[PDB]
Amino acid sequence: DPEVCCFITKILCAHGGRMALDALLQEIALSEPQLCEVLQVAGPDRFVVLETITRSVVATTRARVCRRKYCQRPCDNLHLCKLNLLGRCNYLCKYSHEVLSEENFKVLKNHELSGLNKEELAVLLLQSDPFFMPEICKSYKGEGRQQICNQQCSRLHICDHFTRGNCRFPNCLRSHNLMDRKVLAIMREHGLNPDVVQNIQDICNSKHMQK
């Protein structure tokens, strides 16, 4: 049911975007096969199930924040301040700080996320929309060479395709490890804590299996 999915998303986001199946069952009030049937039918575009023997669920969405500076309407994306959600916008900003605006509520409705408050929505977006990640080094060509990039580098040395869930290269040498200490340090500065990065990592790992 749509009312069931929406409610799970809500529980997960209220616990930081991730829950172990045991903790979820003790909130949703369904049986393990009832909950698993819901999760599997909804798909990996809503819930990502992972075994770490210990089953865990990660909340995700196909909803996206508009990347344009001056966007000409109509637009099917959310219109908000990226920096404000990353805790880097308190100062004037030309982007909307009204998360649950009229236009955004319409978008949330298309993605069945109208139930969510601004905190739950932010948790969800920080781990689902690749737009919230730091800029990846444009001159990064992969590991195992002398010239990895054109510097002495302050940017991410990760596979750009992997973050967009479209790394289709047979034996890719560009890093897929967002859990690397050097990467986590760049993430922390951008406004993404290690728990958020762990969720991004697992959603990206899931997207890599389908494509």
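Positions refer to the first chain, counted from 1. By rigid core we mean the largest C-alpha set that fits within 1.5 Å across both forms. Only residues modelled in both forms are compared. Compared with the form solved in complex with the partner chain:
Fitting the two forms on their rigid core shows CA movement of 2 Å or more between these two forms over just one run of at least three residues, at 146 to 151.
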The other form holds:
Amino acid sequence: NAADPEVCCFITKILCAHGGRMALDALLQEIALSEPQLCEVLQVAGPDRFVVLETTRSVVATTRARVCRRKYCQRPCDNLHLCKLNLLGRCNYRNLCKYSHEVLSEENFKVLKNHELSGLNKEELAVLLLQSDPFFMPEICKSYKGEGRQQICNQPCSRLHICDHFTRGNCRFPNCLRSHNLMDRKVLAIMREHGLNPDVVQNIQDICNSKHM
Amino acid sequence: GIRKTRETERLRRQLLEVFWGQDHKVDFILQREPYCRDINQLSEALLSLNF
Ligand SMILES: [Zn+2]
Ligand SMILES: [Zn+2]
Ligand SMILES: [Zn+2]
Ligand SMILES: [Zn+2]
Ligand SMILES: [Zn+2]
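Switching from the form deposited without the partner chain: structure of the form solved in complex with the partner chain?
Below is the entire complex, every chain and molecule, led by the chain shown above.
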């Protein structure tokens, strides 16, 4: 029974109730599975749901579910529909927002059932999407060509000097000169100004490193 | 259909009195069946989980 979807969502839920990452030892105190049983579930679910690191084993929660990026979306559309700015703690919105503030609306509940994620609350889903969906990251600098070149870019630069393909999980090129390092001092400052603390950035880095393999 | 905040909270406090210290599991069951108002169906769904 290591493949059961219920046990996988419960692990995702605990990990996201504690910031999207937990040490294996701390996760074990909250779920009635022995260590080999929990290890089998993490292994069979794989890196598309759980990223395991030997830092002291640490577990990072992830998902393939994405939020709709349309300014105006005309159904049908099988992505989540929610206000992005609201999840980053920055939506000014009577509510005149044209994007859903009901995180667990009927439409979103159906999408969560497709990704075997029903059971998460609005806070746990926000933590999960923040480190998994690259739509929540700040803009990447388009004049940035790579390390040791072009005086960084034309410009402090308010945009990320990072590889765009790395953040979207598809940098399949050997001659890439662009940085895949999100834990840089300048990147963290830009991430923080946009709602992403360094713990969230380290989760994103580990998820992106996992996709890169 | 969909529960009110006071209905969910009353059901949560009742489930927590029975399943002490199982806050994540109680919430997990409340989110999986958000239309259910029966304390007994919600308790049997919680008991079915092998973890
Ligand atoms: Zn907990
Ligand atoms: Zn859409
Ligand atoms: Zn909004
Ligand atoms: Zn730049
Ligand atoms: Zn790259």
